[PDB]
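Read the single chain below, which is given as structure tokens and is the form deposited without the ligand.
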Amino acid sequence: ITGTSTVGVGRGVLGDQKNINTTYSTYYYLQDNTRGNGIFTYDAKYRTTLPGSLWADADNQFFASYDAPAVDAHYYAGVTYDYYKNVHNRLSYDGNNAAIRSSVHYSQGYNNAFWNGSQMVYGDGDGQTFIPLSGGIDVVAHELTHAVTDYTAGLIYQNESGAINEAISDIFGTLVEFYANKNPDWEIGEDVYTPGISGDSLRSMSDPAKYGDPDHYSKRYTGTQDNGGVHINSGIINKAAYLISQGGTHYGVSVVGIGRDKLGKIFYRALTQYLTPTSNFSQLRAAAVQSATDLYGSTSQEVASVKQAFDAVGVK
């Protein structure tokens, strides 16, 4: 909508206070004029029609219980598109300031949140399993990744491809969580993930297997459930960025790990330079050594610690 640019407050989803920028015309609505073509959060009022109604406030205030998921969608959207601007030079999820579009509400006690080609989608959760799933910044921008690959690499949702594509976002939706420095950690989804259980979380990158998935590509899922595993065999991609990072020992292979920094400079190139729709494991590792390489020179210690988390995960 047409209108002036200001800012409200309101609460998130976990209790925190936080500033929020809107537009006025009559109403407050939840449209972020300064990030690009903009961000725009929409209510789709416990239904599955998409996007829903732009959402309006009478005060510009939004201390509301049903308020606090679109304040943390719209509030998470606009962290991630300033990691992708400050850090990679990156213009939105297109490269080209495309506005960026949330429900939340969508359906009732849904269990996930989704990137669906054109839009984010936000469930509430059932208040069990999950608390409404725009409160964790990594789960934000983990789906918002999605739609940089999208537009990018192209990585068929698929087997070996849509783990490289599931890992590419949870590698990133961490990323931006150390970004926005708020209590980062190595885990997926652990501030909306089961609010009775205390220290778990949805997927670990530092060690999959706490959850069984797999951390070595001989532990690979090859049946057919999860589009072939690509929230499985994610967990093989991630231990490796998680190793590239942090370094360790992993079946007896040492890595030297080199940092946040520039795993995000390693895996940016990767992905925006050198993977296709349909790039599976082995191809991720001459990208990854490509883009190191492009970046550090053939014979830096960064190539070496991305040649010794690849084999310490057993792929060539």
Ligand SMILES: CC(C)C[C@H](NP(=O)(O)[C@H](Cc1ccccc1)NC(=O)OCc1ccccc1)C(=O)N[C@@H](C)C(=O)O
Contents of the next structure:
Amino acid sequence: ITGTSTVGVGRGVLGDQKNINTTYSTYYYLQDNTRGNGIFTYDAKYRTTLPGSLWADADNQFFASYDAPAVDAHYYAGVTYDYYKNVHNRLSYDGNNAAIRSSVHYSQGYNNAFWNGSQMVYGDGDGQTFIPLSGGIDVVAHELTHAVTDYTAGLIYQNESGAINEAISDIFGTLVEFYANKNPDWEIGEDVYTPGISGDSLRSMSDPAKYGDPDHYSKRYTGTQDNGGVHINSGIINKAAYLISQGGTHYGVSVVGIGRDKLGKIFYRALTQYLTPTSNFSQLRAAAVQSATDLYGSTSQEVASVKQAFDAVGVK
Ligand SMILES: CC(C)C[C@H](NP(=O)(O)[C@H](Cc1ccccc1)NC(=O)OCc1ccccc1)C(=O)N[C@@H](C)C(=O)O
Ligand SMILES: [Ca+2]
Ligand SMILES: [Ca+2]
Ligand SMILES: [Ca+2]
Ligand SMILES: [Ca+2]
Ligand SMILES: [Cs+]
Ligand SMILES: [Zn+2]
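What I would like now is the form deposited with the ligand bound, since the data block earlier showed the form deposited without the ligand; can you produce it?
So here's everything in the complex, that chain up top.
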């Protein structure tokens, strides 16, 4: 909408107070004009019609329980935009400052979040498996990263290419979580998953097998559920990325860690310059090796560590 940029205040899903960029024209709308061509947050009103209504508020204060998922979807989209711009010189998901749209309160008791080809969408959860999913910064950045992938490598959402697509979203979701630097970890979704169980998460990148996901190519899922295991076999790539950054010895193979920032540079370059819609795990290894060669040189530790990490997870 046309209006003037304003700054509201509210509380997110976890009860934390934050300022949000809004737009005033009769109402205060969840429309942040400070980033690209805007970040816009919508109310789906417990239905499945999308996007729903641009979020309108009478007083620019967002402390109601119903407001909390919207506050976080809006704010964490801003953090994610900032990460891509400041760290990778990428302007929004398309590289040309496309408007970023999110809807919250999607459906009833909906235990998921998604990118629908055009926007991000967040369920509220059922209060048992999830609380409102925009409360997880890694979740928000995971969804927005699906948009980045759509506009870059375009990895098809099935089998190995789809597991790479998933892992890219988990990797950058985690790097955004570290960028914001609030309780960062290598787990996925811990802030919104299972409110009645402490210390768990939807997935782990540091130890995927803690939740039955594979951590070695010899343990990959080959069936048809989950689009050929896209959320399962992502553990093999997530583990490789974790090893590149943090190091470790895994199935007897030692990896010298090179840190999160270099992991992010290598995988961002692979995603944007080398991966294609049909890339498989072996092709991802080659793309990561070439990316690290471009950035650091063929004789570098960074290239050696990429090779060690893929060796450790059984990907040649
Ligand atoms: C980070 C977590 C909290 C959310 C994350 N959702 P997610 O982002 O993985 C969501 C899952 C989904 C698919 C279809 C319909 C509805 C929902 N997938 C999704 O949005 O895929 C977007 C996409 C579009 C084109 C090509 C490739 C990908 C996830 O891991 N979902 C698990 C629970 C799953 O769906 O198994
Ligand atoms: Ca209000
Ligand atoms: Ca965390
Ligand atoms: Ca996390
Ligand atoms: Ca939990
Ligand atoms: Cs789990
Ligand atoms: Zn995903």
